[PDB]
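> Dock chains E and F with the ligands against chain V, hints included.
Residues per chain are reported as follows:
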Amino acid sequence: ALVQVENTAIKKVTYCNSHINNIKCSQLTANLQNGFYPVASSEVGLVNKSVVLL
Amino acid sequence: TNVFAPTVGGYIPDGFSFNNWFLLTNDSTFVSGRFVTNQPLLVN
Amino acid sequence: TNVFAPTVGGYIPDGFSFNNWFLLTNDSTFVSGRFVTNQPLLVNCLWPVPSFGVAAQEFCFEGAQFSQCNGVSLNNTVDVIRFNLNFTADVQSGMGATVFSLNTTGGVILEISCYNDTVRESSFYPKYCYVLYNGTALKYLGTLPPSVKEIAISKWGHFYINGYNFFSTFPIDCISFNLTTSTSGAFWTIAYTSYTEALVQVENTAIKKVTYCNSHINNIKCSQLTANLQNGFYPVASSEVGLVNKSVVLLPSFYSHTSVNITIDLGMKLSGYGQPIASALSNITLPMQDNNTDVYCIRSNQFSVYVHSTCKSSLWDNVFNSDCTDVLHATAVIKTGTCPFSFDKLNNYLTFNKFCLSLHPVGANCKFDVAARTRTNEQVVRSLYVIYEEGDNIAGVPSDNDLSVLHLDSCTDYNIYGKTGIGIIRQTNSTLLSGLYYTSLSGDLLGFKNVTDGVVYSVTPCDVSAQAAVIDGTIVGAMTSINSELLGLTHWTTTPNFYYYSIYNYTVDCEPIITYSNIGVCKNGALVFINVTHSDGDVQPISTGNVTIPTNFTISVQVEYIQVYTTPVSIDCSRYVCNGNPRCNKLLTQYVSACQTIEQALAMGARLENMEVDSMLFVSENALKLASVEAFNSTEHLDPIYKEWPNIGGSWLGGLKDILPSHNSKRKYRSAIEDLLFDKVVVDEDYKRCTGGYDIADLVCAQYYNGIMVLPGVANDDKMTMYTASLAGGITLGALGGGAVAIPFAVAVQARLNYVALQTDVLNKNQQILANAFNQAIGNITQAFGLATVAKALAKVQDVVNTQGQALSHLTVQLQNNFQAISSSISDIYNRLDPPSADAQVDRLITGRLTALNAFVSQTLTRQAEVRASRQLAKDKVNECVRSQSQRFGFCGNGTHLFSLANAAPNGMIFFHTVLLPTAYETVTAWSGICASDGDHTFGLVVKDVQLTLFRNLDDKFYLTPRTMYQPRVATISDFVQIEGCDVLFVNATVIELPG
Ligand SMILES: *[C@@H]1O[C@H](CO)[C@@H](O[C@@H]2O[C@H](CO)[C@@H](O[C@@H]3O[C@H](CO[C@H]4O[C@H](CO)[C@@H](O)[C@H](O)[C@@H]4O)[C@@H](O)[C@H](O[C@H]4O[C@H](CO)[C@@H](O)[C@H](O)[C@@H]4O)[C@@H]3O)[C@H](O)[C@H]2NC(C)=O)[C@H](O)[C@H]1NC(C)=O
Ligand SMILES: *[C@@H]1O[C@H](CO)[C@@H](O[C@@H]2O[C@H](CO)[C@@H](O[C@@H]3O[C@H](CO)[C@@H](O)[C@H](O[C@H]4O[C@H](CO)[C@@H](O)[C@H](O)[C@@H]4O)[C@@H]3O)[C@H](O)[C@H]2NC(C)=O)[C@H](O)[C@H]1NC(C)=O
Ligand SMILES: *[C@@H]1O[C@H](CO)[C@@H](O[C@@H]2O[C@H](CO)[C@@H](O[C@@H]3O[C@H](CO)[C@@H](O)[C@H](O[C@H]4O[C@H](CO)[C@@H](O)[C@H](O)[C@@H]4O)[C@@H]3O)[C@H](O)[C@H]2NC(C)=O)[C@H](O)[C@H]1NC(C)=O
Ligand SMILES: *[C@@H]1O[C@H](CO)[C@@H](O[C@@H]2O[C@H](CO)[C@@H](O[C@@H]3O[C@H](CO)[C@@H](O)[C@H](O)[C@@H]3O)[C@H](O)[C@H]2NC(C)=O)[C@H](O)[C@H]1NC(C)=O
Ligand SMILES: *[C@@H]1O[C@H](CO)[C@@H](O[C@@H]2O[C@H](CO)[C@@H](O[C@@H]3O[C@H](CO)[C@@H](O)[C@H](O)[C@@H]3O)[C@H](O)[C@H]2NC(C)=O)[C@H](O)[C@H]1NC(C)=O
Ligand SMILES: *[C@@H]1O[C@H](CO)[C@@H](O[C@@H]2O[C@H](CO)[C@@H](O)[C@H](O)[C@H]2NC(C)=O)[C@H](O)[C@H]1NC(C)=O
Ligand SMILES: *[C@@H]1O[C@H](CO)[C@@H](O[C@@H]2O[C@H](CO)[C@@H](O)[C@H](O)[C@H]2NC(C)=O)[C@H](O)[C@H]1NC(C)=O
Ligand SMILES: *[C@@H]1O[C@H](CO)[C@@H](O[C@@H]2O[C@H](CO)[C@@H](O)[C@H](O)[C@H]2NC(C)=O)[C@H](O)[C@H]1NC(C)=O
Ligand SMILES: *[C@@H]1O[C@H](CO)[C@@H](O[C@@H]2O[C@H](CO)[C@@H](O)[C@H](O)[C@H]2NC(C)=O)[C@H](O)[C@H]1NC(C)=O
Ligand SMILES: *[C@@H]1O[C@H](CO)[C@@H](O[C@@H]2O[C@H](CO)[C@@H](O)[C@H](O)[C@H]2NC(C)=O)[C@H](O)[C@H]1NC(C)=O
Ligand SMILES: *[C@@H]1O[C@H](CO)[C@@H](O[C@@H]2O[C@H](CO)[C@@H](O)[C@H](O)[C@H]2NC(C)=O)[C@H](O)[C@H]1NC(C)=O
Ligand SMILES: *[C@@H]1O[C@H](CO)[C@@H](O[C@@H]2O[C@H](CO)[C@@H](O)[C@H](O)[C@H]2NC(C)=O)[C@H](O)[C@H]1NC(C)=O
Ligand SMILES: *[C@@H]1O[C@H](CO)[C@@H](O[C@@H]2O[C@H](CO)[C@@H](O)[C@H](O)[C@H]2NC(C)=O)[C@H](O)[C@H]1NC(C)=O
Ligand SMILES: *[C@@H]1O[C@H](CO)[C@@H](O[C@@H]2O[C@H](CO)[C@@H](O)[C@H](O)[C@H]2NC(C)=O)[C@H](O)[C@H]1NC(C)=O
Ligand SMILES: CCCCCC/C=C\CCCCCCCC(=O)O
Ligand SMILES: CCCCCC/C=C\CCCCCCCC(=O)O
Ligand SMILES: CCCCCC/C=C\CCCCCCCC(=O)O
Ligand SMILES: *[C@@H]1O[C@H](CO)[C@@H](O)[C@H](O)[C@H]1NC(C)=O
Ligand SMILES: *[C@@H]1O[C@H](CO)[C@@H](O)[C@H](O)[C@H]1NC(C)=O
Ligand SMILES: *[C@@H]1O[C@H](CO)[C@@H](O)[C@H](O)[C@H]1NC(C)=O
Ligand SMILES: *[C@@H]1O[C@H](CO)[C@@H](O)[C@H](O)[C@H]1NC(C)=O
Ligand SMILES: *[C@@H]1O[C@H](CO)[C@@H](O)[C@H](O)[C@H]1NC(C)=O
Ligand SMILES: *[C@@H]1O[C@H](CO)[C@@H](O)[C@H](O)[C@H]1NC(C)=O
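Protein chains in written order, with the deposited numbering: chain V, 474 to 527; chain E, 265 to 308; chain F, 265 to 389, 402 to 677, 682 to 787, 801 to 975, 982 to 1085, 1098 to 1307.
Be careful, since some hints might not be right.
Stated by the list, open to error - For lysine-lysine, the following DSS-like pairs were computed, each having C-alpha atoms within a straight-line distance of at most 30 Å:
{"no.": "1", "chain 1": "F", "residue 1": "588", "chain 2": "F", "residue 2": "611"}
{"no.": "2", "chain 1": "F", "residue 1": "918", "chain 2": "F", "residue 2": "973"}
{"no.": "3", "chain 1": "V", "residue 1": "484", "chain 2": "F", "residue 2": "729"}
{"no.": "4", "chain 1": "F", "residue 1": "1064", "chain 2": "F", "residue 2": "950"}
{"no.": "5", "chain 1": "F", "residue 1": "729", "chain 2": "V", "residue 2": "485"}
{"no.": "6", "chain 1": "F", "residue 1": "611", "chain 2": "F", "residue 2": "431"}
These aren't lab readings, by the way, just hints derived from the structure by calculation.
Extracted from the complex, chain V is given alone in its bound form:
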């Protein structure tokens, strides 16, 4: 999560649980200015294995 701290005290906790929240956590801010942001198309997991040898 992205946590804001003032005088060693938590003020705001943004969880990186959605795509927009992922962008917010990547930009280190919970208020995003209008614009274009680089992201990943998707996430890869649980794939098969291929082995090719001589």
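What follows is chains E and F with the ligands alone, placed relative to chain V:
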């Protein structure tokens, strides 16, 4: 108030005050700023 | 003279010549330059020895016993003894062949004896010099060269002859000598000296000036690598911290202490050459734990470590049954080895979660080195392995006893929760609800919390950075953040941003010498406020009511410097990366692409700037014929219709003689200001001399040897000089298509004045005032070059030259980087390793040098782009201020531009802009128009030229004047435009009283 109701997935509502909640550390304590951290904040 | 009298503290006077004094080195000798070095130049006592005199003494270094000292004699220990005499073959010794008798540690006596015949090794008796131990030749030193001028002997056994350490003996306790000479002029000196830090200037391997860093101003001089400091601000430290208490803060714990004693039994033998050899059969005993004495783990909360050593002797049979004698006596020590901590620092409040000492290598994180230290050497005999885990449960303490001691409101060395430093610890009122301690972004401790009551303490540095103001080589003030005295200053004043200490009497109207922003420092140290510049204001295009027009004009000259070109460099990438080594070239054949990219970038940059510069410069033959002081001082080229004028220069020549080229110049077409700027701010570009080998190569030849070629630039300077001369001479060229017909400079100035404003006073003209103002301004500028604009121009040229030099200096010095290799020399690597092992070493050097070249190329390209923009600005300035008069307001300097001249400067040019400065205003009643009435027909008249102001004279006649200069003229009907309506601000008039 110190009592909050966890949303779906166990996330603290944005209206909380964190009066008795701190950041866990093994070193020095951040005084001010914004940090992306892995903290025990998923309230089951 | 060779005799000097030491000042207070033992410092050599500034008037010395250092005829027989050299810099001591273990390597190569600096040929020229300034260096901050720790050298034995603190003269405690100087014994002068006259001609035919005898100097006989036995000196112990821990015994400042002295015989004769011309001057005060110090009471400190002596480190080096120097004999400054011509040690030729005509110097007699009272001990016979022996010149020096050395008593070393342990009572061993060594002699330095010269003989007239060669002595074989381990035997007994042009001069051949030897080191004798017991009457036998131990070391051959060589024949005495004819040019020995100083012999320096250090207490650690090193001998320096003419500055170079040629041999080292054992550490010496006492030195007996007995010398006499007759050809040593009048006096030769024996100096007892101690090491000190100083800035030394060296020219041709000879000392010229020694500045000791013994005062605050001398500290600044040593920091700036110069003994002449320019006026300005320099960063310094507020004070120095020493002899402070210690504070330790740790988490609460039980107090149980364990003493760990390591017993080391060393075995020693005598080798065949008499050297004490420590046996590997030495034994290590740890405290007993679980029936074992080979592994010991700390099981308490606090511990201390101690070592006990015993010594035994053997007879080459490993049977230790005797007691170590004086030669074979050794003491056991423990050295760091590969561990991240030292054994002697374990009792320095180091914290662990687990700490075990073992005699077996398995499972160990690191190992210590157990060594035996003799009177001469130190030999490793065993290994003690350490298994440790980082944490805070177990702490090493100096001794058995609360460990929490805190000193407040004073400088102290603190160890708080594992963080160590020097600082002042204070108690604050703040309440931070989280954490134990706090650090800054750089990792420095800022505050910590007491775990008993929750009080937060802050930590600040003991000393802070300050700014010292230096004017005329003395400290007159200091800006600081602490209200404490510093740098010898006592009086102080308070500023909203800092404290200012000064030599001025603080419980001011003065001209500030050094200024920044709104802060100024005067010569007497007073602090003054610098406000923004004030001016009367800009003339407004108003033609209604009472308006002011500038009338009385003087001449102001403003100087501006603009850079036009850089100093281009060609680099041979292969020669820079590989110093001609064929194997390195074969390796670099795999990186050839990087070298190609570097060369292509540099060559393209140079070609583009040459193309840019080529299209900018031009000359005219007829203009160059008139461009000289001699031509302006004669009437040979004047048109016969100017017979009244004595010459071209006229009254302006007094100012033009410093700008135009003259025959009294070092180079062709060179003027006085150009010579001053090329000599007061700034060599040989012949490459044929570098390969001659007739002397030691200089910096430029060495850089060439490294593959760094500075391209020719004298031609560009000559082209710029001829360009500026032709521009200056074209002002007075009457016609273009024929010969060199000239007009007086006054006529050209009058044409420029008419361009500024149409001159209506043909008879009463005063150009003498303008010429005198111009002459005085040029004289002041010339004096200043050998006036803020002149200072700014000088600073700009100096900065350009310094940056250009440093860019190449950094690249050249990058060749001594090892880049994590055994050596920075490729030939050295290939002379010590097999090619398979040497290629890996050479690869690192190749990569590092390629990275350095890439950085240099990037910086060069950025500089070139900046200079390209500057060159565009300079071209605009030449076109719109020198070759014409620009209509742009304020472009050619502050004021009404009249004309500009140009001269060549290092890497660019300087412009003299001549402007009109008003000294008075005329007030007139201006009208925006005339409402003319002719009975029933009423119509308005407006001024056709919007840049003219219409007013009325005393005789009720309408006049027009420009607003740049007050040049009134009678208005005519052709100067007006007729319109239907009238404005309220118009002046009423009849048809009879209209102009024209
Ligand atoms: C661009 O170029 C213009 C000139 O073309 C500069 O303008 C001049 O700037 C100077 C400096 O500010 C001005 O000079 C000052 O004028 C003040 C007014 O003078 C009164 O007294 C004189 C007496 O002879 C009268 O003639 C005048 O009418 C006024 O009644 C002076 O008070 C100033 O005195 C300075 O020296 C004294 C003695 O040390 C100090 O006590 C003062 O504090 C002060 O430092 C000063 O002489 C000048 O008037 C301006 N001229 C014009 C035409 O505007 C611009 O400043 C320059 N711009 C830049 C950015 O450089
Ligand atoms: C201060 O330092 C201590 C160590 O000195 C550190 O404690 C560490 O905590 C992490 C968790 O935050 C532990 O990591 C785990 O490792 C075990 C292996 O023994 C794994 O099984 C765990 O993984 C699973 O569990 C997670 C929780 O359910 C899942 O999210 C995860 O996907 C896996 O399913 C886990 O990664 C680690 O072992 C200790 N280290 C120790 C005990 O030495 C502590 O976090 C530090 N405190 C800080 C940084 O605030
Ligand atoms: C050439 O290299 C040699 C070494 O091969 C080098 O000799 C070194 O000289 C320095 C002094 O210049 C010696 O350093 C000393 O170390 C001893 C420990 O044995 C210290 O006790 C000394 O410190 C005290 O003494 C100083 C003088 O009174 C004080 O100023 C100081 O504050 C201390 O009180 C001292 O630091 C060093 O041991 C030798 N090295 C040896 C003998 O191996 C020599 O300097 C080099 N020559 C150059 C660089 O011109
Ligand atoms: C490049 O062009 C410049 C400018 O046109 C040339 O300058 C000219 O140089 C010559 C040779 O020095 C000068 O002629 C000689 O001058 C001396 C003066 O003492 C005199 O003794 C000779 O009778 C002769 O006139 C010439 O005046 C000069 N021209 C100008 C306009 O200043 C320059 O030579 C050219 N360079 C080359 C390599 O061609
Ligand atoms: C730098 O510029 C200043 C500008 O003032 C020059 O000072 C001026 O110099 C001239 C020529 O020497 C002085 O003229 C003389 O004035 C006296 C007094 O009226 C008179 O008796 C002489 O017959 C002569 O006319 C002028 O007064 C003087 N001005 C001031 C204010 O001092 C100075 O010379 C320039 N410096 C250089 C190196 O050119
Ligand atoms: C230093 O050497 C000189 C000679 O250069 C020594 O003076 C000699 O002393 C011996 C012994 O008394 C005499 O027999 C000689 O006649 C002396 N020679 C001269 C020329 O005077 C002197 O003693 C030595 N000084 C010492 C060792 O301190
Ligand atoms: C060389 O120095 C040694 C060590 O200082 C001198 O030997 C000392 O001589 C004095 C004479 O009174 C004795 O008291 C010391 O006990 C001796 N020290 C040792 C370790 O034996 C020796 O005399 C010197 N040699 C000379 C000056 O020629
Ligand atoms: C060593 O000899 C040199 C000459 O070889 C002496 O230096 C010369 O001193 C005389 C007398 O003052 C000067 O006239 C010469 O110009 C000097 N020559 C130079 C500086 O090269 C030097 O004084 C002698 N040194 C000692 C200690 O006697
Ligand atoms: C270190 O300890 C070993 C083992 O006790 C010692 O070696 C023994 O020395 C004694 C006395 O000379 C001999 O009788 C034994 O035969 C030796 N044993 C072995 C295995 O060689 C050794 O002397 C000690 N080293 C010291 C004290 O420096
Ligand atoms: C942390 O605070 C405690 C509590 O104030 C300090 O302990 C006090 O020490 C003073 C001076 O010796 C005693 O007079 C008090 O009685 C103590 N109070 C207690 C024990 O409750 C302690 O010194 C502080 N720690 C540091 C490192 O300053
Ligand atoms: C412009 O200034 C002039 C003076 O330079 C002013 O004329 C004077 O005005 C005063 C005030 O009314 C009279 O007492 C004087 O007799 C006038 N002098 C002359 C010679 O006429 C004039 O009023 C100003 N003009 C404006 C438009 O403000
Ligand atoms: C311009 O030429 C004149 C005339 O030759 C120079 O004035 C002469 O200067 C010399 C010294 O160089 C004096 O001895 C003469 O008496 C001067 N003659 C006069 C004043 O008639 C003048 O210096 C030259 N100006 C320059 C070169 O700027
Ligand atoms: C411009 O300068 C001229 C020349 O100095 C000034 O005219 C002189 O001013 C002085 C000082 O008041 C008088 O004594 C003279 O009688 C004036 N001479 C003439 C011919 O008028 C003039 O005042 C200045 N201009 C302004 C607007 O102040
Ligand atoms: C020029 O003359 C005209 C015409 O008389 C003036 O305009 C008059 O202004 C007064 C006030 O000053 C008004 O009461 C009248 O009604 C205006 N008359 C008209 C016909 O509009 C004007 O003021 C005069 N201008 C100057 C500068 O004196
Ligand atoms: C798959 C790649 C597609 C590329 C499409 C490019 C479209 C948008 C990129 C905009 C980036 C320009 C910088 C401005 C970013 C901003 O406004 O915050
Ligand atoms: C405790 C900090 C106080 C800061 C006060 C700043 C005053 C002077 C700094 C001047 C530095 C500007 C650069 C120019 C230096 C120079 O002229 O040599
Ligand atoms: C399980 C019962 C409580 C645990 C007791 C631990 C003992 C000492 C506490 C040490 C930590 C002190 C932290 C300071 C807290 C603060 O003042 O903000
Ligand atoms: C892996 O391959 C199998 C068939 O061999 C397929 O059924 C399965 O979906 C694959 N898994 C993936 C793509 O994650
Ligand atoms: C050295 O001098 C001695 C004494 O005069 C002499 O006997 C000897 O032959 C000399 N040696 C040489 C090589 O000249
Ligand atoms: C030194 O030489 C002398 C003279 O031969 C001899 O008696 C003495 O034993 C020697 N000393 C040493 C330590 O060899
Ligand atoms: C250390 O503290 C003692 C008192 O415990 C004090 O007398 C002494 O001056 C201090 N030393 C310093 C500040 O250097
Ligand atoms: C360890 O050595 C110390 C001295 O350093 C001594 O006082 C102590 O008694 C020793 N402990 C033992 C031998 O257990
Ligand atoms: C500074 O001036 C005061 C009076 O303002 C005077 O008493 C004092 O002695 C002076 N201090 C010096 C000159 O150091």
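> Evaluate each hint against the coordinates.
Hint-by-hint comparison with the structure:
1. Restraint check: the Cα-Cα separation between residue 588(F) and residue 611(F) comes to about 21 Å, which is no more than 30 Å; the hinted pair holds.
2. Distance check on the hinted pair: residue 918(F) and residue 973(F) sit about 29 Å apart at the alpha-carbon level, within 30 Å; holds.
3. The straight-line distance between the Cα atoms of residue 484(V) and residue 729(F) is roughly 22 Å, inside the 30 Å bound, and the hint therefore holds.
4. A distance of roughly 24 Å separates the Cα atoms of residue 1064(F) and residue 950(F); the hinted pair therefore holds under the 30 Å criterion.
5. At roughly 25 Å between alpha-carbon atoms, residue 729(F) and residue 485(V) fall within 30 Å of each other, so this suggested pair holds.
6. Straight-line distance between C-alpha atoms of residue 611(F) and residue 431(F) comes to about 26 Å, which keeps the hinted pair within the 30 Å bound.
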